Each structure stands twice: as structure tokens, then as C-alpha cells.
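Each chain, written out:
Protein chains: 2
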Amino acid sequence: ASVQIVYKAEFXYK
Amino acid sequence: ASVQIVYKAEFXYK
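Going down the list, the sequences are from chains Z and P. Using this note's numbering, you'd call the opening residue of the first sequence number 1122 and step up by one each time. Using this note's numbering, you'd call the opening residue of the second sequence number 1122 and step up by one each time.
Hints are computed from structural coordinates only; laboratory data are not their basis. Don't take each hint at face value.
DMTMM-like, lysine to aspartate or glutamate: derived pairs with alpha carbons at most 20 Å apart [said to hold, decoys possible]: (1) P:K1135 to Z:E1131; (2) P:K1129 to Z:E1131; (3) Z:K1135 to P:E1131; (4) Z:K1129 to P:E1131.
The shape of chain Z in the complex, shown without the other chains:
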């Protein structure tokens, strides 16, 4: 599992 952070504007493990 890993930390995932997304910037798409909006900005958030699995």
C-alpha cells in the first residue's frame, strides 16, 4: 500500500 495525493482545481492511503 501507498500514500496517494492528487491535484486535479481540487487537492487526498490505499
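Place chain P on chain Z using the hints.
Using the frame of chain Z, we list chain P on its own:
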């Protein structure tokens, strides 16, 4: 369409 930047570790419009 919009800019998308992802951090998952690795770090990249659609």
C-alpha cells in the same frame, strides 16, 4: 480538460 499532478514513490493535462 485539466492539469493533473499525482504523487503515489513516483511524481505528471488530460
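How the hints compare with the structure:
Using a Cα cut-off of 20 Å, the hinted pair P:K1135 and Z:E1131 holds, with the two alpha carbons roughly 15 Å apart. Taken as a hint, the P:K1129 and Z:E1131 pair is honoured in the structure, with Cα atoms around 17 Å apart against an allowance of 20 Å. Of the supplied pair hints, the one linking Z:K1135 and P:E1131 holds, its CA atoms being roughly 15 Å apart against a limit of 20 Å. Between Z:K1129 and P:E1131, the direct Cα distance comes to roughly 17 Å. Compliance with the 20 Å bound is thereby established for this hinted pair.
Consistency note: the structure conflicts with none of the earlier hints.
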